[PDB]
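With one protein chain removed, the remaining protein chains of the complex are shown where they sit.
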Amino acid sequence: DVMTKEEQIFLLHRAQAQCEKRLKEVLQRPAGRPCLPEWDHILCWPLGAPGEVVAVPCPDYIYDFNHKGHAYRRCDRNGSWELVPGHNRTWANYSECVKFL
Amino acid sequence: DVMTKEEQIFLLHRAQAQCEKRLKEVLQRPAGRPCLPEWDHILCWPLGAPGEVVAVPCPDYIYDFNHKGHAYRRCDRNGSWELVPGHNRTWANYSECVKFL
Amino acid sequence: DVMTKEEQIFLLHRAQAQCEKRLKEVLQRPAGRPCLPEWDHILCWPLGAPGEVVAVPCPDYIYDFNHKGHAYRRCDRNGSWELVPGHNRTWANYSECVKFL
Amino acid sequence: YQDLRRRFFXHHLXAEXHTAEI
Amino acid sequence: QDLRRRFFXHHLXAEXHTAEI
Partner (left out) sequence: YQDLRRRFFXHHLXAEXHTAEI
């Protein structure tokens, strides 16, 4: 059916809950110095290999997203998600997921 | 005397319904290879002369629009509305219609 | 406690009604040709010294604002708030106040 | 606020509208 | 019509895509 706004909010809460459960498991058995999972209001980013671009498919639970594309983050070598150069937010590229970019 | 968002929505749908009338009327008596009319959520773009910029007065039924301005589209020689260079959306300039652009 | 959208609207109306008092007062006690106080939907800009940048702390009644930074306007020598170069809107820099800049 | 609620709905329908380079 | 969900897209975009535009 055609998805309503409040249905979208509901599925985001379900995804946020799943992210909190996923983050609690990794913190109970850590190893190495990777980028840790975190929720960004849209999707749960997974463990990131230090010094590499991390690609996640545009979440299938977002009706308005292109489910064949990927969203991208940057994980530096110290195991920290990279900031946008010149700003104080985490860098993320969602251009493939949306038509207005 | 100031319009509400609900009144604005209703007027949009009426303009949208009349656009379907125009489309249906043109599809019943085609001629040549021009850019076909279509609805873009705001106004009904008319038949476009191929190879020319098409200018439409900023719709009178949109309160927050400057009704002395024009929105612009591009019609290429093949009778197709041009896309934005480097993107997958139909090019359109509404800067004259709003103050925040 | 995290404040609601409706509460944010109320505090803005309180600040807007307070700006109208300041504007009505200075209009009764004019002097010189400075930049006059204006309400821009967020804060009430004070009297501006001609030919100087005017810095106002990001108002404390906006929850999502960095209350340690400043918004900025430009007051030209004629006592008029400067427009943005190339546009017909008054220039204002709120980048310090928000994180989405 | 309604004048802004209608004008913010301007913003979104702008976003969904003006596709030329900004 | 369903533009409410699509505009709520725009905001979560705004709040999401932080790379230089």
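Quick notes on this structure:
Residue numbering begins at 1 within each chain, and the chains themselves are lettered A, B, C, D and E in the order written.
Methods note: contacts are C-beta pairs under 8 Å (C-beta built on N, C-alpha and C of every residue); 3 or more make two chains touch, one makes a residue touch a chain.
Remark: the omitted chain is touched by one listed residue; of C:3, C:27, C:49 or C:55 this is C:3.
In the full complex, chain D touches the omitted chain through residues 4, 7-8, 11, 14, 22. Residues of chain E in contact with the chain left out of this view: 8, 11-12, 14-15, 21. Hidden from this view is one chain, which touches chain C at 2-5, 8-9, 40-42, 63-64, 71, 84-85, 87, 89-95, 97-98, 100-101.
In this section, only the chains that are shown with their structure count from here on.
Each chain gets one centre point, the mean of its Cα atoms, and the points for chain A and chain D are 27 Å apart. Annotation: 36 Å between the Cα-based centres of chain B and chain C. With centres set at the average Cα position, the gap from chain B to chain E is 23 Å.
Shared interface positions of chain D, defined as residues touching 2 or more other chains, are 9, 13, 15-16, 22. The residues of chain A that reach two or more other chains are 87, 89, 100-101, listed in rising order.
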